[PDB]
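Residues per chain are reported as follows:
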Amino acid sequence: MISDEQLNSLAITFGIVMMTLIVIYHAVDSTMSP
Amino acid sequence: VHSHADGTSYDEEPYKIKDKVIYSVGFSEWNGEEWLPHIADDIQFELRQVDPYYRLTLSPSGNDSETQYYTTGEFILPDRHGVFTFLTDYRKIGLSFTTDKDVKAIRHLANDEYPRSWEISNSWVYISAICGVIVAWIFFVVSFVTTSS
Amino acid sequence: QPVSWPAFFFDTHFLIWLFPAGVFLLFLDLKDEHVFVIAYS
Amino acid sequence: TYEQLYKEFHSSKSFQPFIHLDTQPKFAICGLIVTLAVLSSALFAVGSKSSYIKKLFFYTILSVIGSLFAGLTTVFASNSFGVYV
Amino acid sequence: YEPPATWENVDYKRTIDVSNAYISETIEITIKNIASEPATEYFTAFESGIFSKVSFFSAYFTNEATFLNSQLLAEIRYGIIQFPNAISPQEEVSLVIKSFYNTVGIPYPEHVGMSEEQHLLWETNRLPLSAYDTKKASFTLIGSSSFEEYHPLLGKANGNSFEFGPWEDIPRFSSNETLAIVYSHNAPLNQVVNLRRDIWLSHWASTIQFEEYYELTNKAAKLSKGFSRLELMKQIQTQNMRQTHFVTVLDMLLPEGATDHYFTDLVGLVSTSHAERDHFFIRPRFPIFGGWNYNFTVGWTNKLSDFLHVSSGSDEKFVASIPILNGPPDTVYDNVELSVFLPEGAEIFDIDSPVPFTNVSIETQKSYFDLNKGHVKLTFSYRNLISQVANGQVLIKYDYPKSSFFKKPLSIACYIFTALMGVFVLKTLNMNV
Amino acid sequence: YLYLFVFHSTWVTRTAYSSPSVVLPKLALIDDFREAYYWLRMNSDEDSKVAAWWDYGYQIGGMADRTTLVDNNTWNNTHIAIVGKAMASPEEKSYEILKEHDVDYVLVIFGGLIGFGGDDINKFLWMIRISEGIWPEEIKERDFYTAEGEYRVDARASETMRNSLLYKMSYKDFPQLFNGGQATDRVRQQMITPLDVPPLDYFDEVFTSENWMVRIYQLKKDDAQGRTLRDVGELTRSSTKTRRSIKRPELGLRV
Amino acid sequence: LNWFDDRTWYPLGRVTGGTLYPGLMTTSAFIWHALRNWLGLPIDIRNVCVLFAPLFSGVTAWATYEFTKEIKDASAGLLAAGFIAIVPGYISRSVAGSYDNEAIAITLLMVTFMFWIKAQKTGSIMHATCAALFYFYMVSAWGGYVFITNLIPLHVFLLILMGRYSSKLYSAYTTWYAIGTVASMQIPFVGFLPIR
Amino acid sequence: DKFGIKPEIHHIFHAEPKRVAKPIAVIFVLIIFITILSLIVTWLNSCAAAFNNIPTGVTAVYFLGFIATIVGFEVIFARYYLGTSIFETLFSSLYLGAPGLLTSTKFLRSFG
Ligand SMILES: *[C@@H]1O[C@H](CO)[C@@H](O[C@@H]2O[C@H](CO)[C@@H](O[C@@H]3O[C@H](CO[C@H]4O[C@H](CO)[C@@H](O)[C@H](O)[C@@H]4O)[C@@H](O)[C@H](O[C@H]4O[C@H](CO)[C@@H](O)[C@H](O)[C@@H]4O[C@H]4O[C@H](CO)[C@@H](O)[C@H](O)[C@@H]4O[C@H]4O[C@H](CO)[C@@H](O)[C@H](O)[C@@H]4O)[C@@H]3O)[C@H](O)[C@H]2NC(C)=O)[C@H](O)[C@H]1NC(C)=O
Ligand SMILES: CCCCC/C=C/C/C=C/CCCCCCCC(=O)O[C@H](COC(=O)CCCCCCCCCCCCCCC)COP(=O)([O-])OCC[N+](C)(C)C
Ligand SMILES: CCCCC/C=C/C/C=C\CCCCCCCC(=O)O[C@H](COC(=O)CCCCCCCCCCCCCCC)COP(=O)([O-])OCC[N+](C)(C)C
Ligand SMILES: CCCCC/C=C\C/C=C\CCCCCCCC(=O)O[C@H](COC(=O)CCCCCCCCCCCCCCC)COP(=O)([O-])OCC[N+](C)(C)C
Ligand SMILES: CCCCC/C=C\C/C=C\CCCCCCCC(=O)O[C@H](COC(=O)CCCCCCCCCCCCCCC)COP(=O)([O-])OCC[N+](C)(C)C
Ligand SMILES: *[C@@H]1O[C@H](CO)[C@@H](O[C@@H]2O[C@H](CO)[C@@H](O[C@@H]3O[C@H](CO)[C@@H](O)[C@H](O)[C@@H]3O)[C@H](O)[C@H]2NC(C)=O)[C@H](O)[C@H]1NC(C)=O
Ligand SMILES: *[C@@H]1O[C@H](CO)[C@@H](O[C@@H]2O[C@H](CO)[C@@H](O)[C@H](O)[C@H]2NC(C)=O)[C@H](O)[C@H]1NC(C)=O
Ligand SMILES: *[C@@H]1O[C@H](CO)[C@@H](O)[C@H](O)[C@H]1NC(C)=O
Ligand SMILES: [Mn+2]
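Protein chains in written order, with the deposited numbering: chain H, 1 to 34; chain G, 270 to 418; chain F, 352 to 392; chain B, 2 to 86; chain E, 25 to 98, 111 to 188, 194 to 474; chain X, 458 to 482, 489 to 718; chain A, 67 to 262; chain C, 173 to 284.
Since the hints were made in silico from the structure, they are not lab data.
Treat each hint with caution, since some may be false.
[Claimed, not checked] Derived DSSO-like pairs (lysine-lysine); straight-line CA-CA distance at most 27 Å:
no.: 1; chain 1: G; residue 1: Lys373; chain 2: X; residue 2: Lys683
no.: 2; chain 1: E; residue 1: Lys171; chain 2: B; residue 2: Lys14
no.: 3; chain 1: X; residue 1: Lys631; chain 2: G; residue 2: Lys370
no.: 4; chain 1: E; residue 1: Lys197; chain 2: E; residue 2: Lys171
no.: 5; chain 1: X; residue 1: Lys631; chain 2: E; residue 2: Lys266
no.: 6; chain 1: C; residue 1: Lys174; chain 2: X; residue 2: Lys683
no.: 7; chain 1: B; residue 1: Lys14; chain 2: E; residue 2: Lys418
no.: 8; chain 1: B; residue 1: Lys14; chain 2: E; residue 2: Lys358
no.: 9; chain 1: C; residue 1: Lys278; chain 2: B; residue 2: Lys50
no.: 10; chain 1: G; residue 1: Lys370; chain 2: C; residue 2: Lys174
[To be verified] Going by beta-carbon spacing under 8 Å, a handful of chain H positions derived as facing chain X:
no.: 11; residue: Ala11
no.: 12; residue: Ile12
no.: 13; residue: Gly15
no.: 14; residue: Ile16
no.: 15; residue: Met19
no.: 16; residue: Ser30
Built from N, CA and C at the ideal position, the CB exists for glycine as well.
Put together the whole structure using the sequences plus the hints.
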């Protein structure tokens with residue numbers, strides 16, 4: 001199966017990707033919409 | 270053996286509170302060569318949780334070739350649910366001692382087993398009112414759509 | 352059983368201080384939903 | 002008969018898997034992307050505001066491919082995750 | 025019943041090896057013919073009790089490895117041996133009749149301490165109880181370090202053997218005498234009351250998954266004065282590699298190249314398991330003492346390439362040889378249910394089992410991603426199987442056309458396509474007011 | 458700050474809120496609860512009743528699958544009090560109270576061998592306090608403390624603590640574990656000797672886990688000749704020295 | 067619903083029917099049955115109960131997004147969903163294996179507050195009815211439903227003191243109350259308490 | 173006397189709650205019946221709810237469907253009140269609301 005340090009890396013990667021997509025979305029929406 | 274008033278065994282229909290039940294046992298006496306019916310008049314059956322809820326003297330009711338059969342009447346189980354014990358303890362000084370105990374579970378009334386609304390003369394009013402309101406709503410929707418302002 | 356202060360930081364990081372600030376900003380516009388939010392808070 | 006079968010069972014031909022299990026993960030991933038691409042286009046087709054006929058003839062033809070890929074992708078992903086089909 | 029008395033035994037060498045947890049009996053005979061008719065069959069007499077529990081019955085000529093046809097019938113019972121060359125009115129032919137009985141002797145004191153050695157009491161017949169008049173006969177016990185008759194036609198020990206011979210002629214059906222003997226045993230004496238094997242074959246992943254569920258119990262001498270954890274730890278502390286009659290570790294022997302082992306219980310999994318070199322050591326949660334139960338599960342996976350061969354007649358016709366047992370080295374099974382699960386599209390074509398079964402069934406049972414109809418499930422039932430003696434491979438020929446191979450992704454895609462069409466319908470419908 | 462929050466969150470959930478409950482993790492795994500519950504499940508009668516503190520009722524009933532007496536959803540305090548008064552009274556009163564409720568086994572938790580800390584002896588005082596509000600004239604909480612006011616499990620302990628049921632049912636055979644009889648508790652940090660623990664005359668020990676964490680005893684059936692189990696015990700135990708003189712037993716009138 | 071187990075509180079017994087919130091077990095059984103019949107996956111029931119909280123934490127995330135898209139904007143809803151997805155204060159009680167009332171409840175709380183805010187700021191009767199339905203779904207899952215029944219009135223009450231009464235308020239609140247209060251008395255456990 | 177005959181014991185049940193005499197509960201049912209009749213007469217004869225503006229074109233085949241939906245739901249509930257299971261009620265509601273929703277949203281769209 002998958003070990004623990006791998007699931008930790010996976011959780012952290014999911015979180016980072018989520019928070020980066022959220023920041024990009026907010027920037028796009030705030031710059032291109034009054 | 271114990272069962273419903275009408276013979277329906279326990280496994281067929283588990284017990285509940287205030288359900289008529291009957292209990293029966295048989296006693297035989299050995300006298301050296303063969304068994305015969307044992308005739309006694311002081312035997313007691315007890316239905317108890319931790320304390321005796323029912324204590325009834327068994328009365329002779331039927332016979333046979335080798336045993337004598339005793340039975341309580343058609344007593345009504347109590348109105349308290351729980352895991353009860355039907356026990357017959359025959360301990361007469363001089364004779365052999367005999368214990369027969371069965372641990373059953375007396376259930377509570379299910380949401381289905383309650384006198385319906387039409388069976389209670391006190392609730393004819395409320396059901397009549399519900400029906401009246403539903404029929405007035407049904408006529409109001411129709412008369413609200415059909416007619417124009 | 353009251354809780355001490357470190358637990359509030361333990362359970363929410365960087366979001367404990369922003370919570371009062373957001374209640375304030377939500378108390379500057381004061382729309383109808385914001386009253387529900389403030390009461391909850 | 003048991004002996005006739007036991008002798009039949011010793012035929013030099015042995016089972017050879019269609020797609021090796023070691024390379025089933027990869028396929029899955031690949032399939033996944035396609036399953037996500039084409040399918041998504043179909044969903045966007047709805048709401049085009051074109052004729053009903055065009056939006057149906059396009060939705061069905063895009064789903065008859067999204068499905069066909071998604072079935073294989075599901076089989077491969079199940080096999081790769083340890084739950085064999 | 026009484027069979028024809030057309031055979032006169034001139035020798036009867038009956039040996040009984042009590043070494044393991046089952047009785048292994050061997051009868052060497054040099055039968056001769058009396059009645060003047062060419063005959064081709066021979067009867068062997070078993071009692072009622074022991075006949076109820078017989079796990080293996082083989083016969084063969086002493087000259088070579090020719091296994092003569094031998095079948096148990098279907111109030112002493114009989115087994116029948118059939119010859120291929122009917123013997124002449126006067127002929128002498130030697131034979132070896134091997135049998136395995138699930139019975140074993142009962143603990144004699146019944147209650148014995150954690151460290152005392154245990155004795156077993158086993159009672160059988162002494163004089164040869166056969167369906168014919170024998171001229172010579174013997175009897176020998178082997179497999180225990182100490183033999184002792186119970187309430188004594195007496196035996197003279199020879200090392201670890203206990204030979205007593207009623208050599209002189211004996212009238213047939215001599216069943217009056219019973220012989221009870223106590224021997225010493227120092228093995229766990231474990232028995233599986235129920236086994237539920239399950240072999241799942243998969244063509245897509247090309248794998249065969251085995252999963253077994255064992256209801257085990259040690260039927261050795263019970264533990265007197267309850268179970269004391271302190272006494273156990275003390276024994277572990279000093280008694281290094283000392284033979285015992287409780288189960289500490291089991292050694293499952295799996296097929297070559299197994300992978301993804303797992304050992305589970307009915308309360309989660311167990312972490313005391315170790316798989317090395319086609320071997321799997323499993324330690325139960327608690328040491329199974331005499332009279333204790335333990336129900337558990339074992340599982341593993343193998344390559345389907347070395348269990349499924351493709352018929353050269355038609356490219357879409359498969360044969361499978363699947364083992365009957367894979368478990369502890371010296372165990373006894375009172376019930377086996379071997380289920381084989383073939384893919385959603387198979388069609389059984391032929392079936393063969395090396396040992397007789399009690400019931401064979403074919404059904405379907407749905408599993409993960411089985412939409413139309415479940416896997417084909419073929420179940421064999423067995424009654425008295427012994428670990429090392431019940432060797433054999435069930436053979437199953439079946440069909441699996443490419444059109445059934447590709448029907449699984451097609452079914453999944455049909456489900457997804459119907460879902461999409463329904464979403465489209467409900468998304469292109471005006472429900473506004 | 459957002460990325461730091463992600464990292465902090467992952468760390469906190471991996472370190473503080475991801476610890477199992479049935480297995481207890489130098490740094491080895493302790494699976495005594497599942498071991499004892501499974502023993503109960505497989506080597507006991509299917510209609511047996513288990514009597515234990517109310518904290519474990521849901522696992523004793525969910526993993527062992529046996530009838531219990533008290534659960535975690537304490538809805539009848541008087542039943543939890545009956546069950547607490549039977550783990551604090553002399554062995555005879557405990558036998559009576561338990562048998563009257565048809566109890567079959569008794570399960571105690573002992574963490575004095577590996578420093579568990581949440582064992583039964585630690586929550587004993589609550590068993591005393593809950594069973595004191597209903598029978599204030601039988602179980603007195605000030606009788607388990609020493610003459611000074613200390614809760615001691617040592618030799619200096621009160622005779623009431625020494626004679627209670629939980630004490631002699633948890634510390635049975637513990638002194639004779641370590642050679643010399645100098646067994647040292649690890650939760651209370653006190654030395655126990657073989658004399659501190661009186662024998663059990665009414666209960667048999669049927670199971671003790673590998674780390675002595677869970678102990679399961681069984682009520683023995685009343686004597687056939689109808690005498691007190693304590694007299695049976697004293698007869699088998701102190702047999703080498705008996706009163707060989709004949710003296711009128713000074714009984715009362717036979718009815 | 068008419069269960070009576072004799073394997074607990076041995077002599078007395080437990081009726082269970084009137085001392086249990088049948089909202090989590092019902093959802094678990096429904097998901098189990100659906101996976102078993104409509105999807106072809108005969109997943110075990112222990113895996114449907116161990117992975118219940120993780121599966122419903124993304125439903126709590128979407129509920130938070132929808133609730134925050136009504137207060138400010140979609141971007142704030144995305145931010146709030148991202149926050150509540152992994153915040154430890156929720157993970158403590160939503161970890162895999164924690165098969166308790168809270169896992170489901172704290173999702174239904176947000177699903178109910180999103181409909182109460184849609185109804186309170188739109189005046190719709192349909193959204194007030196959805197709010198009442200999910201409120202009933204919550205009284206039957208968690209004993210902390212007493213939060214909603216005391217926080218939705220307060221809101222309205224406050225809006226009355228601030229002089230912000232409007233027909234939308236009347237419509238929303240009277241629909242929510244009328245429906246939810248009569249539907250919350252049908253749960254055997256909570257019966258006749260709302261009036262007394 | 174510890175061993176010997178013992179006195180009997182019979183449980184004591186409570187008296188079930190009393191139900192009002194029947195002739196006192198039929199009068200109120202009659203009052204409610206007369207009240208509903210009077211309501212229907214008040215609508216029918218106060219110049220309100222007069223049955224005009226009845227659709228008769230193609231939209232009439234939709235108006236009947238609208239009525240069919242409403243009355244059919246009240247029939248399902250009736251059946252349920254009389255003993256029908258809850259799952260059968262859910263399935264009946266599904267089957268009757270699938271086309272009823274369409275027919276009753278089309279009626280409202282056609283009726284301005
Ligand atoms: C939570 O758990 C706890 C612990 O498990 C539960 O607590 C137990 O509850 C029991 C009942 O709820 C209770 O049992 C009753 O105790 C009463 C108190 O008696 C005490 O005082 C007397 C002296 O007066 C002592 O002798 C006795 O030992 C006690 O110390 C008893 O009075 C009750 O006896 C009656 O019931 C039993 C069994 O039902 C009969 O055997 C007995 O003969 C009594 O029966 C009379 O009453 C019943 C109806 O109640 C009649 O059916 C019957 O025919 C008898 O009727 C006569 O008397 C009545 C007046 O009582 C009269 O009107 C009639 O005409 C007749 O003359 C009974 O023994 C336990 O003591 C109690 N235990 C503890 C430790 O607290 C608690 O219930 C649980 N809570 C739940 C489940 O919600
Ligand atoms: C929109 C959703 C899209 C998908 C997103 C989520 C999926 C990713 C999941 C990641 C890992 C999951 C697998 C866990 C690891 C093994 C679990 C296990 O081993 O447990 C299994 C349970 O198996 C499952 O049911 C898992 C299902 C497999 C998941 C594959 C993903 C595809 C899903 C797409 C669904 C499309 C539906 C189409 C409609 C028909 C228990 O096996 P067993 O005890 O029977 O032993 C088996 C041994 N015999 C057979 C011998 C007894
Ligand atoms: C509207 C939906 C449309 C799409 C439909 C698709 C739905 C999802 C389908 C498949 C996804 C996986 C479903 C559960 C499979 C893991 C079972 C398990 O628990 O496996 C656990 C392993 O833990 C895991 O890896 C957990 C990670 C994987 C699950 C998380 C991803 C999906 C979560 C959302 C779905 C949850 C649905 C059930 C709960 C409500 C082992 O189980 P075991 O102890 O029996 O060992 C079985 C193997 N031995 C016996 C051989 C040892
Ligand atoms: C709404 C959408 C939500 C999306 C997110 C939801 C869930 C994901 C979050 C967390 C997942 C937890 C991961 C647990 C994994 C434990 C099992 C494990 O460890 O598997 C790993 C293997 O992995 C893999 O290489 C799998 C690679 C395949 C990539 C995934 C394919 C896409 C599936 C998703 C879409 C499915 C349907 C598509 C069309 C509808 C170990 O396998 P093994 O050695 O145990 O057995 C296998 C035995 N052999 C090795 C012999 C085979
Ligand atoms: C546009 C048309 C809309 C139609 C209305 C639609 C929905 C109504 C909205 C709310 C209804 C509130 C009243 C609840 C009554 C339930 C019926 C019932 O629980 O069954 C009851 C069982 O009694 C009970 O214990 C009620 C206890 C309530 C427990 C319910 C568990 C909570 C579940 C929460 C949601 C779970 C969803 C899972 C999947 C997401 C009767 O069942 P029976 O088979 O015995 O029949 C009996 C026929 N007698 C009545 C005439 C005899
Ligand atoms: C683990 O496997 C053992 C081995 O089969 C199971 O033992 C069996 O348990 C059942 C019920 O617990 C016994 O049935 C009983 O039969 C007696 C007649 O002897 C009857 O009077 C009882 O009312 C009951 O029906 C069965 O005899 C017993 N088998 C043996 C060989 O002892 C055990 O149940 C399994 N445990 C689990 C948790 O799966
Ligand atoms: C052989 O097949 C099965 C073995 O389980 C048995 O027959 C069926 O047994 C099931 C009970 O598991 C019944 O529900 C079925 O009605 C039985 N018959 C069929 C046709 O399925 C039985 O042991 C054997 N059946 C025989 C000899 O006919
Ligand atoms: C029942 O009747 C009497 C009992 O006094 C006696 O004949 C015998 O016990 C029984 N007779 C029959 C025919 O059952
Ligand atoms: Mn809880």
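Hints versus structure:
1. With a C-alpha separation of about 24 Å, the suggested pairing of G/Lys373 with X/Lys683 holds against the 27 Å cut-off.
2. Pair hint E/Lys171 plus B/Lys14 does not hold up; C-alpha atoms about 56 Å apart against a cutoff of 27 Å.
3. Distance hint between X/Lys631 and G/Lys370 is unfulfilled; the C-alpha atoms sit about 33 Å from each other, more than 27 Å.
4. With a CA separation close to 22 Å, the supplied pair E/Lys197 and E/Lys171 stays within the 27 Å bound.
5. At roughly 18 Å between alpha-carbon atoms, X/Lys631 and E/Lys266 fall within 27 Å of each other, so this suggested pair holds.
6. In summary, the hint linking C/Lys174 to X/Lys683 is supported, as the alpha carbons are separated by about 25 Å, within the 27 Å threshold.
7. About 25 Å separates the Cα atoms of B/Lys14 and E/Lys418, which keeps this hinted pair within 27 Å; it holds.
8. This hinted pair checks out: B/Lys14 and E/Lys358 have alpha carbons roughly 11 Å apart, not beyond 27 Å.
9. Distance hint between C/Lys278 and B/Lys50 is fulfilled; the C-alpha atoms sit about 21 Å from each other, no more than 27 Å.
10. A hinted pair counts as satisfied when its Cα atoms are at most 27 Å apart, and G/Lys370 with C/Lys174 qualifies at roughly 21 Å.
11. A cut of 8 Å between beta carbons decides the hint on H/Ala11: the least distance to chain X is about 5 Å, and the hint holds.
12. The closest approach between the C-beta of H/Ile12 and any C-beta of chain X is roughly 5 Å, which is under the 8 Å cut-off, so the hint is satisfied.
13. At about 4 Å, the closest approach between the beta carbon of H/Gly15 and any beta carbon in chain X falls short of 8 Å, and the interface hint on this residue holds.
14. The closest approach between the C-beta of H/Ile16 and any C-beta of chain X is roughly 6 Å, which is under the 8 Å cut-off, so the hint is satisfied.
15. The interface hint given for H/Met19 is met, as the beta carbon of that residue sits about 5 Å from the closest beta carbon of chain X, less than 8 Å.
16. At about 16 Å, the closest approach between the beta carbon of H/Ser30 and any beta carbon in chain X exceeds 8 Å, and the interface hint on this residue is violated.
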